[PDB]
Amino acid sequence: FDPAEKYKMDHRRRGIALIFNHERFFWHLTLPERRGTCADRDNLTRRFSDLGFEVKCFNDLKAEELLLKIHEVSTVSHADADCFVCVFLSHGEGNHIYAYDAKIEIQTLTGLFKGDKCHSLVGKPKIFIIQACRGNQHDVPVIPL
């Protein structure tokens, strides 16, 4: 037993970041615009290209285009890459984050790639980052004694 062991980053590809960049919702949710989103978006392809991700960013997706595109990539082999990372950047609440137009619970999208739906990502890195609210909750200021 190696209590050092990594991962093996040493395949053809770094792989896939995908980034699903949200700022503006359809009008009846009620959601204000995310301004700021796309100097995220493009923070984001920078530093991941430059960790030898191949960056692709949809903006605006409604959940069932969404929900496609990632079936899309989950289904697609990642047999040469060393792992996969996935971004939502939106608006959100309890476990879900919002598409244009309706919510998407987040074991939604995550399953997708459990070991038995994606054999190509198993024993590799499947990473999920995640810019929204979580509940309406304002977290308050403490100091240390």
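Throughout, rigid core stands for the largest set of C-alpha atoms superposing within 1.5 Å between the two forms. Positions refer to the first chain, counted from 1. Compared with the form deposited in another entry:
Core-based superposition between these two forms leaves all of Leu51, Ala79, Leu68, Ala39 but one with CA shifts under 2 Å; the exception is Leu68.
In a rigid-core overlay of the protein, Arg14 has its C-alpha displaced by under 2 Å between these two forms. Taking the rigid core as fixed, one finds a CA shift for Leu89 smaller than 2 Å between these two forms. The rigid-core alignment places the CA of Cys118 less than 2 Å apart between these two forms.
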The other form holds:
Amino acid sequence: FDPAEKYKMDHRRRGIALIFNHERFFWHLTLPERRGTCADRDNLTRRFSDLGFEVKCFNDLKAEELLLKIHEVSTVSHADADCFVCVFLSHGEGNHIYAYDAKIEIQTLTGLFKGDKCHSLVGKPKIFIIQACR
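Next up, the form deposited in another entry in place of the form deposited in one PDB entry?
A single chain, with no partners or molecules, comes next.
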């Protein structure tokens, strides 16, 4: 037993840094809001990439590629990865539908990894970074 034990972070890859932008059901998007979202994504994309992550970005505007993306992340093997990161990004001052749809997505995204449902991530860090406002 060892108080300074660290997670083993010496696998071939770091892992996927998934970045999800919650965009659907949000109207009256101001210019500062639009370029801030792009600022947050780009900033997150740079910083995680430099730490060895393979950044994957997508949104919920289409819905076709949403399901195609959600099932892709479900079936991905992380056997050669150190960890997994998922950033959920959304706007403040959202309407009732927007906020509610956020919680469903957050429950779903993390629902895919709860109670060790992804066997290649067992014993490996699963970091979830959530920016939301009701």
